[PDB]
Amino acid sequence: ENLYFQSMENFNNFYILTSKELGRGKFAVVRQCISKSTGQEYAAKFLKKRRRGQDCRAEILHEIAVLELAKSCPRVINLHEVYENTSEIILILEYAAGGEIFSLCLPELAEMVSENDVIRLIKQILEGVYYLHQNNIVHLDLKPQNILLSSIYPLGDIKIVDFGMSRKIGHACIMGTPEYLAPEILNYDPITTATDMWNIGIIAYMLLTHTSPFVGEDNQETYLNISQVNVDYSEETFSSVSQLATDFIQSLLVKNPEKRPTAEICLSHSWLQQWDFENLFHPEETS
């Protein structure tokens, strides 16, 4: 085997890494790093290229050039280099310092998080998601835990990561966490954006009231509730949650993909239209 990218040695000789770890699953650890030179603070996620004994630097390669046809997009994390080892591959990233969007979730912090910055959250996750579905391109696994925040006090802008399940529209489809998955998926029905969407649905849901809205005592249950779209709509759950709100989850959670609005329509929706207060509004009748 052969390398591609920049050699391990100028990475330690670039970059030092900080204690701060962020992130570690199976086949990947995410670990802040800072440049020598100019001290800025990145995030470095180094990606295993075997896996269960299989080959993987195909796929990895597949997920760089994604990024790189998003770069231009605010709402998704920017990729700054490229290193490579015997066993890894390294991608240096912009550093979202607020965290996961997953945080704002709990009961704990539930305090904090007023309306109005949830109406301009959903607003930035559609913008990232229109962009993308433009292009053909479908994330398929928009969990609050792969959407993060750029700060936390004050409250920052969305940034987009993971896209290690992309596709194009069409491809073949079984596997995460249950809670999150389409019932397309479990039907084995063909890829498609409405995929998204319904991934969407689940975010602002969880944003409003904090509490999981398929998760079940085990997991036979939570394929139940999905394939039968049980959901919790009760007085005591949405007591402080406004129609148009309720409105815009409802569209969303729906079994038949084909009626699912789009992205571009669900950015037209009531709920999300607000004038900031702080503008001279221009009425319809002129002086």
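Numbering follows the first chain given and starts at 1. Only the largest set of C-alpha atoms that superpose within 1.5 Å between the two forms is called the rigid core. What changes on going to the form deposited in another entry:
- Shift analysis on the rigid core between the two forms singles out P107 from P107, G99, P74, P190 (C-alpha displacement of 2 Å or more).
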Contents of the next structure:
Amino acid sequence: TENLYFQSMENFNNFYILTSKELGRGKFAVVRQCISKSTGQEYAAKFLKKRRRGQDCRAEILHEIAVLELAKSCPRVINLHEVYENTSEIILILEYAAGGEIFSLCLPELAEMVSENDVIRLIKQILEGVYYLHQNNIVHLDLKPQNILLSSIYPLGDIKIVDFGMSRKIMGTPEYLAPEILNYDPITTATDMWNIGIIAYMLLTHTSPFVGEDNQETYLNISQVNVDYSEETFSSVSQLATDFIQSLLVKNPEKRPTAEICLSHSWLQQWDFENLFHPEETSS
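Now that you have shown the form deposited in one PDB entry, what about the form deposited in another entry?
We keep it simple here and write out only the one chain, dropping partners and molecules.
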């Protein structure tokens, strides 16, 4: 009895070809690389099932599409290109973020080529995107590093925030949940700022700030905000980076700075050495 809204599957297959590339995303909302047959341009195709856990999800998918559409003008948020639909799926044709996940730069596995200068730039770009979301009363609520992508890694490109499946107005992965989520306090923009704190910590230390031996220990670490700031873990991390993280990883969401205040943090203030600085004392 369900009528389809978006462009037909026959049109999808006419205009695009799926590639064999493995994108390492979920088994329940598959994301595949695809190519426009006309232009050769690469896209990501995300296949969202309309029925999940015995529930109709089409309204929720429609809301997610509404959020991506509102963020079209923000280059820090993945762009939505087209939408298709078949019996069981709504397919989002997304801008392809060829660098993959920022998570890859946070690995123990990686002996690293990521400088503090690069971290500063990535965090600044993340903050630009989240500022834009918060200004439009959207809280992402799933800003794990797996949901922040890169336009490239060689060289290091630009940030693309993805997956607005949990986004709201003003049950994630345990280690990424803010303390207010664990207390069922209401949703605040401050929850996203907590996650930015985690991202910075992981980029700089290549370790998870809260994860424990098991979920019970993870929840203990989060609700107590028990974070390793030891000299060993932070011997190659600047005080200013430490300050930025510590201002975000605080229990009380109301004490966390806004994305806007973060963008003014001293850590992020940097002059591009190839530009001619104009000092306060002028030549006249």
